[PDB]
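One chain comes next, on its own, written out as structure tokens in the form deposited in one PDB entry.
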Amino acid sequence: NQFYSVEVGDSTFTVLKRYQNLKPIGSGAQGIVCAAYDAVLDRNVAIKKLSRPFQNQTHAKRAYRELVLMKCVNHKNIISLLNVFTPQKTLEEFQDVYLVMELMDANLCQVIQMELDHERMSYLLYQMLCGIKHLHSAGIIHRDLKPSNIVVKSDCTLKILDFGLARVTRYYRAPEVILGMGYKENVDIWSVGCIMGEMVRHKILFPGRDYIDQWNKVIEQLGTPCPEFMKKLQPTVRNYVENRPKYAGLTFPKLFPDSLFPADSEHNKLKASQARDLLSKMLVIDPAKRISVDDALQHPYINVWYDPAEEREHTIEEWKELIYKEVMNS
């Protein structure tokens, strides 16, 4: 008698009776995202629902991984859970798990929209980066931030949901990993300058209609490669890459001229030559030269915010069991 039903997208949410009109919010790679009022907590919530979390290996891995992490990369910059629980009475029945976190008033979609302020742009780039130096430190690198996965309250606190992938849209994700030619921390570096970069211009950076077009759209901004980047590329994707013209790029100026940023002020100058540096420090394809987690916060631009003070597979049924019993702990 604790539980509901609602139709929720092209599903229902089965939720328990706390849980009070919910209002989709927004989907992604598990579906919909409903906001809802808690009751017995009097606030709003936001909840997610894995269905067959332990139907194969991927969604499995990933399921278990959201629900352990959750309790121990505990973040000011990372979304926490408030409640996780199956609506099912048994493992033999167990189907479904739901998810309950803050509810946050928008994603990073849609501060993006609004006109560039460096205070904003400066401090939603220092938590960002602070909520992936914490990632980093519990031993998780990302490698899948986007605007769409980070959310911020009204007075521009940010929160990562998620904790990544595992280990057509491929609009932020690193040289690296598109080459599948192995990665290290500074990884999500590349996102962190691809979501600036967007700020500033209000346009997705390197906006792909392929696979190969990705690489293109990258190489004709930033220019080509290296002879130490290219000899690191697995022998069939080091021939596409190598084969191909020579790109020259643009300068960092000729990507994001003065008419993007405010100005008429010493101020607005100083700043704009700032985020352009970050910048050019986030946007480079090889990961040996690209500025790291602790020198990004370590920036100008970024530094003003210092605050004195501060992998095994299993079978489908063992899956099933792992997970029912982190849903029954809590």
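Rigid core here is just the name for the largest C-alpha set that superposes within 1.5 Å across the two forms. Residue numbers count along the first chain shown, from 1. First, how it differs from the form deposited in another entry.
- Summarising the superposition on the core between these two forms, the listed residues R120, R209, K153, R201 contain exactly one with a Cα shift of 2 Å or larger, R209.
- Relative to the superposed core, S292 undergoes a Cα shift smaller than 2 Å between these two forms.
- With the core held fixed, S265 shows a CA shift of 2 Å or greater between these two forms.
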Second form
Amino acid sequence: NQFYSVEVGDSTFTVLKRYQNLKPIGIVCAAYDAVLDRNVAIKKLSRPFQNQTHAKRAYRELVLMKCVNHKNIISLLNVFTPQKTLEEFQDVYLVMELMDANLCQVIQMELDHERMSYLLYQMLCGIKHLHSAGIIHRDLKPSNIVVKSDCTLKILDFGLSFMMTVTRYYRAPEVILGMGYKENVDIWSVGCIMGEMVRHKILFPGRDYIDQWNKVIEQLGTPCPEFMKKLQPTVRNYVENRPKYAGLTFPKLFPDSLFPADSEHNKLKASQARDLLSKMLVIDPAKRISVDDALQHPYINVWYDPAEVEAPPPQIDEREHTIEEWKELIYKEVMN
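Can you return the structure of this protein in the form deposited in another entry rather than the form deposited in one PDB entry?
The following holds one chain only.
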């Protein structure tokens, strides 16, 4: 038999013999791959076909992980199921390179500007590749971003009904207000992350989209009139009748306190980081900086490489099925 089973905490893992000494890291395991002779991460999807939300995402993430090729987006080293037939078909295991930590953990660190900006440079390279392929993520968050000791970074998922068992802090106002979006919907999320790196607190926490929007304008202020104009009457109504805020300026929103700023170098960088933050954390997407300009930004452009920025975009969903059709679709993919 090519497979063996072991329990991890609450779950059974039934994987190829090459993978050993599995350890829980998220449901995901780190493991040693004897064939490649390096460590990998192994994600187990149980019955991803159990419902249309799960099924769509599992399927979508499968097609993409496999035709997208860029160092800032996760790549699959291997996909398998232990089950032998479509009828027996139950689980999917995705195998990728192992890094060292989530972005949440990095975020809890005091980071120099060289690392903070390299991280952000990479997020933007990743997001830029996605967009060139027609993929607007719309749900970048730290928990789907991973980092290696050498500061290298990968985005783990490809972004956006009901389920029976999710973080929206990082979602743009155009997503929250459900209002039509373009590529720079993702700049917003990078900005919440960047902001969170600095302030070390989640920028806009909320029990739900009401809270959340309240947290947004509490600090950035009510959006201008032109922004309201692109809101549905129903949404626009509710938004124009929310209590108003002047807004705080950015030096106030991110005081000098928060910034490495003891050398001249670090003082100039602090100024540059805050300038970029102020350009990303902008409610009106018509005024928010785009991806290309953020890569051009002095804080960011020290890392700029045409190979990483301007890479061939992937050749390539948006669909609906029953449990059984989803199951065969996924099985077909897993088998090729």
